[PDB]
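One chain follows as structure tokens, the form deposited without this ligand.
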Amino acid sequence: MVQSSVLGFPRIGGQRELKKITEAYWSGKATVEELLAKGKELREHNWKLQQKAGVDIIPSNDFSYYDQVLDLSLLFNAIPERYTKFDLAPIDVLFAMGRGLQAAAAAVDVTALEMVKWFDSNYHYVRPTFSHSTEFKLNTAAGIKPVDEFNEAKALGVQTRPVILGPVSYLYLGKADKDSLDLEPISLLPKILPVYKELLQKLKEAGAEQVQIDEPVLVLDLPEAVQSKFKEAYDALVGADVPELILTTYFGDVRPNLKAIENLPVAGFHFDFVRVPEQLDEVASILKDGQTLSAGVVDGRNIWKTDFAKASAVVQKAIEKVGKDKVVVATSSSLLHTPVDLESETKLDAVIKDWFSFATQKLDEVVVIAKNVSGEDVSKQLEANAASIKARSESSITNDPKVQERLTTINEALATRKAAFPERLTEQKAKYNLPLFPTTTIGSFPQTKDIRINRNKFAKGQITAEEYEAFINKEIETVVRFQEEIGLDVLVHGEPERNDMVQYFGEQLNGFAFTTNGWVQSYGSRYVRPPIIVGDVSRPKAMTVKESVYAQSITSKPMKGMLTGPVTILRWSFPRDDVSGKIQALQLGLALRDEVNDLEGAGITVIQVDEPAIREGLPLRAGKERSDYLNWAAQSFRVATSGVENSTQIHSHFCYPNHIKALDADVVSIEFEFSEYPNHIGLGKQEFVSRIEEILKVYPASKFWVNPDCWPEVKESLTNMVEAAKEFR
């Protein structure tokens, strides 16, 4: 009776097949034919998996060799002229856009299109780019992806629902190209509607009866002039000659945009009741006679096992309002942002595994929930599920009384430096006596061939800690000696002991679990395997002190300790879903406070704390949630960094402003306003010298450090920088 639905399935493969075959193709090791054979195999496997689980509404076109938004750009001929001058087949035009193109001499080095954050997910899309000259149209000669894949699935005996990003969202998330600065993308709506129409017309003839059309911009703050465009677009698209359209939203709250969609001729809507279950009543209220409501109640972005009782109760609210006949049980968003299969995990204890569901398992969840609300007896599954949920919430690996107690101690003084910056500056001039325009590295340096080899061997115990530790210290002695020669003032250690910004800390923190196979696509063939926060976080012992202490001992110049901030660790992990993001951040703040304190205590008194994920976690609409976030994000950072003496310098580096103000960092390295920065900033060979003079027309030279942008040309690059910083001294 009540149907289940999946908005998208991760395409990388249980064994990361997609990464393997696409990188083989790019490196000339595989043929386009072999590339295509593997894609087909991947799609077929994932379709049969969903059919076998019992899912009624199974997506097609959710597959991609790189990015789904990029696929549409290829499909609609939104292809900048520069990619078309190389005799590349359509699929290679596609990759040229996704990952750039290099060609021998002229001597072309064509940059890939811009990579962008997909809302507040940890996915990145390829920016649709337009010009006044853009001629929107379909290219049947390149094959029509959505039509071909729908047909592929049909031939397998699997009816699917094609998925495509809608016209308003597509344009609105695009940008004007270099030669059309004045162009506002949404203004192209009249040119692209006909092409969507033709595409839908072609999908109907193929025999597609419904199409999932994604309009996620509805969860953003939309200007009134953009809100009006939904009525326009959909009046144009809907008709007898096209599939029924399910207008689909996720990751947030559509209520502010409600009037924009309350009179559309579409056949249904999908809403995210995982992120905003509280919008249910109002969105249900505008549903027309003969519009269906797809209730997103299985998290598409996190790995926790769904509470079947609670998720069924949400769906039952929709039914009570609109009728069992008009409600569908759905994943909150595409499962793109979830790992493929929990069953691939070899190391997780069975107790903890019992708390998770990855994409494969979420298939079974939407099915059980749908059966449950239809009245089918699934008492067995509901009981097992209830047992699992009860078991998690009663665990201890989750609740650490010492951490709880410490949270109660958080207050203003705990999040505040012992003195305001002006007083701190004086104690720091007295201790460090750095010259004007001090120079400093911002991050790590190129990795040695042997670093990788020796690490793998130390992991197999093939070498002793002392052998490995001596290998690291050599890598450090190298990096340290280099910098001294270039004549930098404040050094880094090169971080050779580190593999990544977040797992390096997570592994050394309580409250974390890690997967062996929990891969999620981040961008193109680049995947991430995020740590899972499973409980109260604390930090048993020093995490980075030993290497920093060693690096500092071989030089008389100040050595920077190097850390990742609480919010970035939280944002780049799978978070707990039983406690607030804020509480996890503050626990991380306290754990990092001990680390900062241990560094200082060991004589490392210049400490850089980086928070690259601030903007990525910014709540999607202005308002209370956003302003709280900014407050607690900054508060978390200050809790980690405010235990130090006035003479200890807190640095923080950003890759390119309200949040930054509230951090009270002694030095903010910025990638290049100048307003709410009352302390010191850092900046990243001719116009390099001319740039400092230009900047020294507005702000005093007393305020400026100098630093890298963000491999063996690092000798000259740094040398040139340094030599130029002295030309001002």
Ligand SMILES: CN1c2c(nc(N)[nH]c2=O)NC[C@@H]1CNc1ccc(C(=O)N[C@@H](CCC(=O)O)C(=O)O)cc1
Given for the second form:
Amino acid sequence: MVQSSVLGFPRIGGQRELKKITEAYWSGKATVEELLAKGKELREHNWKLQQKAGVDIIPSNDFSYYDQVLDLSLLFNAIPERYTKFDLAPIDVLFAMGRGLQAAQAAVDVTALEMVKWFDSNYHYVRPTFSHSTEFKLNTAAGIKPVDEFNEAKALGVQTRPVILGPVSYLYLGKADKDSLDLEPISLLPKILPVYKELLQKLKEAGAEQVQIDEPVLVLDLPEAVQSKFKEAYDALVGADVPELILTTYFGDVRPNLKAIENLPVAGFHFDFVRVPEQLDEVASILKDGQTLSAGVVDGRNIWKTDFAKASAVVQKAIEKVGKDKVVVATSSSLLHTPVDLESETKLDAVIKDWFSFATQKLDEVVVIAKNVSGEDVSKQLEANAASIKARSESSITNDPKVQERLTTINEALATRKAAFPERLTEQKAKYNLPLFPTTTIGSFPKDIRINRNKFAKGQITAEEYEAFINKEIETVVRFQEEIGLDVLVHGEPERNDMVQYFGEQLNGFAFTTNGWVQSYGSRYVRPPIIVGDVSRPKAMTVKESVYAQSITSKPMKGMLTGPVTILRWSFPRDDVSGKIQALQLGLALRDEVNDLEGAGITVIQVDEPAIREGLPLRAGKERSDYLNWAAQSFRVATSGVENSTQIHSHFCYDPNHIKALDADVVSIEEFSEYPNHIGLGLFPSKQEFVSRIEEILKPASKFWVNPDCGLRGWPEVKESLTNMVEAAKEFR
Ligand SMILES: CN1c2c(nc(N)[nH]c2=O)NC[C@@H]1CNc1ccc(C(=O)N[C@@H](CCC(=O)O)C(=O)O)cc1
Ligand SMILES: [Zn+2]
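Got the form deposited without this ligand; could you also share the form deposited with this ligand bound?
Time for the whole complex; same chain goes first.
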């Protein structure tokens, strides 16, 4: 009988209980005991769910109040001193590191540690931060979270497998603090290993027989000298006095690093065969006698019902290489990255809901697959699964002939402007006559809003009253900008709740959930859109508010759009067609929008792709350069239908060559000399500080726009700043 395994379970709660209790604790409404009681109730509920589903290997220490990497930093005393001088008990040191700390000496405003994207998932972890003076050690009176949680589950009669981030990944994903700029985190390895060993011994003494030790940096391009550290670390940790170690990898391909793990004393490995099924043969063939192979075949980052027949076949290949006794059916990664429970959806059509599985359902999928490859009769589940998979692949939701046919029209001309920039600029100058050092802003501006969204969705106020409120907000914002004297304006987007869902709602091919929440960072969660089929845009999405904003001023009003790659990356994508295809479909839908904007007189249009870098494939090579090419192609498909006098803008927070590939008229960036398309380097503060910072960037005149850093912060600050920025632009004129 082949075992089933889950690498981690989302902890937010089916009703976002974790968010509610933590935010209550932070605002003084709940006590720390109330906090802890809710956490314990969440963990117990999630363990019992997993046991009842029949999962064999059930994780502990996957729970967190904020972030699991932060939890380890607190456990190992990677705590910078500044957080320690306020008499905070350890759980409050933890929160102080995660979210910062303010006290009424002058006031304290101690900033949080940095938030970092966890690989290419949509989760963010708190950066481990080390100094030359870091003394790594266990903190017994803080409680040892993985020991305590292991024991809690055991007392419920649930044997679990503690999960911790391994020492190489933990140090390598961390960074040197300000006061220790030359420190290489990985150099700290000999100092941290004794703390890992101690932790593992305490887990063993409590009854833990296996531990999942995550080494996800093995899917990254690692220097050779980092590669050798795996043999060192794991030779030091393995022994009679510790649990068996299952070295766990996800999100990518470990083959370039196989030599690093081919002679390890660990008890087994886990690999992600959803993202990289093709590494199976080579990773299997380095397993030593006795080592087990955990085959990650149930996607931990997407919401589609698994094809039981294909997932079992992947598992059956593993079984053929190393033996039925040495394979485990697993989720590809932690279920951290999926929503909690499909059964909470109250509005989804049953046809569509038949195609999905969220975390709770994925528990049943790993069990049924495990039974299937072990020889049990599960033909009824197999048949029902095959029926769902079949229905999806034949549905019209998925296949729209017009979109298919439109994809066949994509070619170079469709992704190229009618003329090159220099010629375009001469028509743009005749049209706008913008003065040199033109001034604009990047988008957002500074209460009552949701109040009016609300009575409108319940039909209490007409579309008529709703529109006048929107238009009054737009009005305020436009007049404010005019009185400051900005040259190119924005409307403020009071009509928009969310950069991606605002578009997804208005596009075919999308479905939406009531409860599909995923933790993004801390207590902040996202409810991503789902791409279910071929995307098209039946009609104008933004034209109305932009046309109204443009009508009350003789300054150029920017249209504002989100790009195709960002819409794709902050949605749950289809798993039946490539990312590329989904991006080009989005490019084409956005092209209709850009063209309608231009048609309605909105001939300055900003299109932002803030997710481009998060989507970078994890290793260098063909997949990465293909991604950068199609990403840019998709942007150009959206923006290349316009006349020469229409001005495409794009704004970047974050590689100059990719930016160049977009051929935008104006790029706002928050030493590429021979590049004609114009740039606004972000400046935001004195008029003279402005005067200084521009003067020094001087060291090209006709090419510089002036603008802030990213969206706007209180009215007096924005005003004073914006007004100072404009004054500075005028001197130079
Ligand atoms: C800009 N970001 C973003 C994204 N993904 C999506 N889909 N949308 C986004 O705006 N990924 C990267 C980053 C994530 N940052 C954030 C920041 C705040 C909240 C947030 O405030 N969430 C609210 C719920 C908002 C709502 O009502 O939907 C919360 O309090 O949990 C979420 C993600
Ligand atoms: Zn920005």
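Numbering follows the first chain given and starts at 1. For clarity, a rigid core is taken as the largest C-alpha set superposing within 1.5 Å between two forms.
Enquirer: Once both forms sit on the same rigid core, is the C-alpha displacement of residue 678 at or above 2 Å between the two forms?
Expert: It does shift by 2 Å or more.
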